[PDB]
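K.L.:
The lines below spell out each chain.
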Amino acid sequence: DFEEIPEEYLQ
Amino acid sequence: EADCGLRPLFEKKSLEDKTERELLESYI
Amino acid sequence: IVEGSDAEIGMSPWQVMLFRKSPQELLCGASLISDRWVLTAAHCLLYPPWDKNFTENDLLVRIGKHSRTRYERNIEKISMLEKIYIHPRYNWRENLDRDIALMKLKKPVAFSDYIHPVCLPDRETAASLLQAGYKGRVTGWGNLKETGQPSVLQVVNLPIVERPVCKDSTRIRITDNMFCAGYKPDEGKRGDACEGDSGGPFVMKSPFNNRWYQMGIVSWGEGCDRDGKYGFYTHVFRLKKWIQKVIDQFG
Ligand SMILES: C[n+]1ccc(Cl)cc1CNC(=O)[C@@H]1CCCN1C(=O)[C@H](N)Cc1ccccc1
Ligand SMILES: *[C@@H]1O[C@H](CO)[C@@H](O)[C@H](O)[C@H]1NC(C)=O
Ligand code: NA
Ligand code: NA
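Chains as they are written, first to last, in full-length UniProt numbering: chain A, 62 to 72; chain B, 333 to 360; chain C, 364 to 510, 518 to 621.
It should be emphasised that the hints constitute simulated quantities derived from the structure, not laboratory data.
A portion of the hints provided could be inaccurate.
Computed list of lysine to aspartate or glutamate pairs in DMTMM-like fashion (alpha-carbon distance at most 20 Å, straight line) [claimed, not checked]:
no. : chain 1 : residue 1 : chain 2 : residue 2
1   : C       : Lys470    : A       : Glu69
2   : C       : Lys615    : B       : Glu333
3   : C       : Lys440    : A       : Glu64
4   : B       : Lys350    : C       : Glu366
5   : C       : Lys554    : B       : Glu343
6   : C       : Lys610    : B       : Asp349
7   : C       : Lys537    : C       : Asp597
8   : C       : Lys384    : A       : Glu65
9   : C       : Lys610    : A       : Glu64
10  : C       : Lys440    : A       : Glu69
11  : B       : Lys345    : C       : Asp476
12  : C       : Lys469    : B       : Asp349
13  : C       : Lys384    : A       : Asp62
14  : C       : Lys498    : B       : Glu333
15  : C       : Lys508    : C       : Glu565
16  : C       : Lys467    : B       : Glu333
17  : C       : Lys469    : A       : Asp62
18  : B       : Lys350    : C       : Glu371
19  : C       : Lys611    : B       : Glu333
20  : C       : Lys467    : A       : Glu64
21  : C       : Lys470    : C       : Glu445
22  : C       : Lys611    : B       : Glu352
23  : C       : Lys498    : B       : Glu357
24  : C       : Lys470    : B       : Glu352
25  : C       : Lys554    : B       : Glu357
26  : B       : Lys350    : C       : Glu435
27  : C       : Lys384    : A       : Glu64
28  : C       : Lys508    : A       : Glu69
29  : B       : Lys344    : C       : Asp476
30  : C       : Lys440    : A       : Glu68
31  : C       : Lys559    : B       : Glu343
32  : C       : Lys554    : B       : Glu354
33  : C       : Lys498    : B       : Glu354
34  : C       : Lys469    : A       : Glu64
Simulated restraints, written as ranges between beta carbons of each label pair [to be verified]:
no. : chain 1 : residue 1 : chain 2 : residue 2 : range
35  : B       : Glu357    : A       : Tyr70     : 23 to 33 Å
36  : A       : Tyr70     : C       : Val535    : 40 to 50 Å
37  : C       : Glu487    : B       : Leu341    : 40 to 50 Å
38  : B       : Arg353    : C       : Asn420    : 23 to 33 Å
39  : A       : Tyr70     : C       : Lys554    : 22 to 32 Å
40  : B       : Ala334    : C       : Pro534    : 22 to 32 Å
Even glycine gets a Cβ: it sits at the ideal position worked out from N, Cα and C.
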């Protein structure tokens, strides 16, 4: 349902 | 912050949002 | 938010979305009170009856948002959490007394047209504004109905309610650390916070200095927008000594 967020914020 | 609670797109440019007057009218 | 409307762009630039990393979903609302500090409800982070006990690494904060689900490239900013602080006397066992928490960000967020902190009330602000009939404003991306979900941030203006009326509306024990807001059945108008709006701000615009103050935090209600029920909000000023203690010690 949510658009993916940039990978840098999930590191 | 000295600038807290003043919105860039409203208070900062002296524009009012569509319903803030409803709040003001309740402050009797 | 039930029976509210779409926010205007930049209408609530202190609005924060607490975002779960996995699965990716809305966890709660919150508010920006400085470049490094975010205010929310304790039950957004800690609520054992629902097996909720988040750690810093479980969550992200998304600031400057309007769309609920979109990644708002070049507008929103996403911050990691350095540390969570929950009120030491938060009562999750009974009635959500002292339903308040702070989150310190790993790095300061840059303010913009869409990102800007709200003021916290002092004693005089609170005395002047926290009166029955005076309206505040609640915002969030929570459910549109008790039993769906909004495209963009929702807003509703609601009147503060007399304490005895709040007390008589529920069997739950109310405390001085709470206030309630909403329309009565006889009043026709409606509106309430709901699931997902938890932790977001109840704000009032001071007619004395034209600044927005966060008087409450979305805390609890029996259902959403039910006739004869009201929403309950953490009384921010009553708990401000704790807020200041935490920021002074850890900031
Ligand atoms: C659902 N709703 C309605 C109005 C407002 Cl202003 C906020 C909320 C969201 N809050 C909630 O859903 C909170 C989280 C835990 C249970 N809860 C509730 O609101 C419970 N429905 C009522 C309750 C209050 C105090 C203690 C235990 C249960
Ligand atoms: C919540 O999590 C912490 C550990 O991360 C734990 O020590 C605590 O007992 C848990 N329950 C609380 C704080 O009620
Ligand atoms: Na009662
Ligand atoms: Na109601």
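K.L.:
None of the hints should be skipped; say for each whether it holds.
P.N.:
Outcome of the hint check:
Note on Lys470(C) and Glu69(A): the hinted pairing holds, with a Cα-Cα distance of about 14 Å set against a maximum of 20 Å. Taken as a hint, the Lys615(C) and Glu333(B) pair is honoured in the structure, with Cα atoms around 17 Å apart against an allowance of 20 Å. A distance of roughly 15 Å separates the Cα atoms of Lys440(C) and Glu64(A); the hinted pair therefore holds under the 20 Å criterion. For the hint linking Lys350(B) to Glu366(C), the alpha-carbon distance of about 16 Å falls within 20 Å, and the restraint holds.
Taken as a hint, the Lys554(C) and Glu343(B) pair is broken in the structure, with Cα atoms around 32 Å apart against an allowance of 20 Å. Restraint check for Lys610(C) and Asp349(B): the C-alpha separation of about 28 Å exceeds 20 Å, so the hint is violated. Note on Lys537(C) and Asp597(C): the hinted pairing holds, with a Cα-Cα distance of about 15 Å set against a maximum of 20 Å. Taken as a hint, the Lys384(C) and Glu65(A) pair is honoured in the structure, with Cα atoms around 11 Å apart against an allowance of 20 Å.
Among the hinted pairs, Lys610(C) with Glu64(A) is inconsistent with the structure: their alpha-carbon atoms are about 36 Å apart, more than 20 Å. Among the hinted pairs, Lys440(C) with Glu69(A) is consistent with the structure: their alpha-carbon atoms are about 12 Å apart, no more than 20 Å. For the hint pairing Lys345(B) with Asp476(C), the CA-to-CA distance comes to about 11 Å; that is within 20 Å, so the pair holds. This hinted pair does not check out: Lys469(C) and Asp349(B) have alpha carbons roughly 33 Å apart, beyond 20 Å.
Between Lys384(C) and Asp62(A) the CA atoms are separated by roughly 13 Å; this keeps the pair inside 20 Å, and the hint holds. Among the hinted pairs, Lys498(C) with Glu333(B) is inconsistent with the structure: their alpha-carbon atoms are about 24 Å apart, more than 20 Å. This hinted pair checks out: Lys508(C) and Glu565(C) have alpha carbons roughly 9 Å apart, not beyond 20 Å. In summary, the hint linking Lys467(C) to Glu333(B) is supported, as the alpha carbons are separated by about 16 Å, within the 20 Å threshold.
A distance of roughly 27 Å separates the Cα atoms of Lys469(C) and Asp62(A); the hinted pair therefore is violated under the 20 Å criterion. For the hint pairing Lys350(B) with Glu371(C), the CA-to-CA distance comes to about 8 Å; that is within 20 Å, so the pair holds. Distance hint between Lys611(C) and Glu333(B) is fulfilled; the C-alpha atoms sit about 17 Å from each other, no more than 20 Å. Under the criterion of a C-alpha separation no larger than 20 Å, the hint pairing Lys467(C) with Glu64(A) is inconsistent with the structure, at around 25 Å.
Restraint check for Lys470(C) and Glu445(C): satisfied, since their Cα atoms lie roughly 8 Å apart, inside the 20 Å limit. For a cut-off of 20 Å, the pair hint linking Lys611(C) to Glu352(B) is broken: about 29 Å separates their Cα positions. With a C-alpha separation of about 9 Å, the suggested pairing of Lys498(C) with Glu357(B) holds against the 20 Å cut-off. This hinted pair does not check out: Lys470(C) and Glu352(B) have alpha carbons roughly 33 Å apart, beyond 20 Å.
Simply put, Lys554(C) and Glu357(B) have alpha-carbon atoms about 18 Å apart, close enough for the 20 Å limit, and the pair holds. Straight-line distance between C-alpha atoms of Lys350(B) and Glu435(C) comes to about 24 Å, which puts the hinted pair past the 20 Å bound. At roughly 12 Å between alpha-carbon atoms, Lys384(C) and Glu64(A) fall within 20 Å of each other, so this suggested pair holds. A C-alpha spacing of about 34 Å is found between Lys508(C) and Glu69(A), which places the hinted pair above 20 Å, so the restraint is violated.
Under the criterion of a C-alpha separation no larger than 20 Å, the hint pairing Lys344(B) with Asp476(C) is consistent with the structure, at around 10 Å. Straight-line distance between C-alpha atoms of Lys440(C) and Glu68(A) comes to about 14 Å, which keeps the hinted pair within the 20 Å bound. With a CA separation close to 28 Å, the supplied pair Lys559(C) and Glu343(B) exceeds the 20 Å bound. A C-alpha spacing of about 17 Å is found between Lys554(C) and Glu354(B), which places the hinted pair at or below 20 Å, so the restraint holds.
Taking the CA atoms of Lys498(C) and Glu354(B), the gap is near 8 Å; set against the 20 Å cutoff, the hint holds. Simply put, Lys469(C) and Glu64(A) have alpha-carbon atoms about 24 Å apart, too far for the 20 Å limit, and the pair is violated. A beta carbon spacing of about 42 Å between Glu357(B) and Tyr70(A) contradicts the range 23 to 33 Å that was offered as a hint. Between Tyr70(A) and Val535(C), the C-beta spacing of about 44 Å keeps the proposed range 40 to 50 Å intact.
At about 28 Å, the CB distance of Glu487(C) to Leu341(B) disagrees with the hint of 40 to 50 Å. Range check, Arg353(B) to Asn420(C): about 44 Å between beta-carbon atoms, so the 23 to 33 Å window is missed. Roughly 44 Å separates the CB atoms of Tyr70(A) and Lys554(C), a value that falls outside the hinted 22 to 32 Å. At roughly 39 Å, the beta-carbon separation of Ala334(B) and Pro534(C) lies outside the given 22 to 32 Å, and the hint is violated.
Checked against the numbered hints given earlier, the structure breaks hints 5, 6, 9, 12, 14, 17, 20, 22, 24, 26, 28, 31, 34, 35, 37, 38, 39 and 40 and satisfies all the rest.
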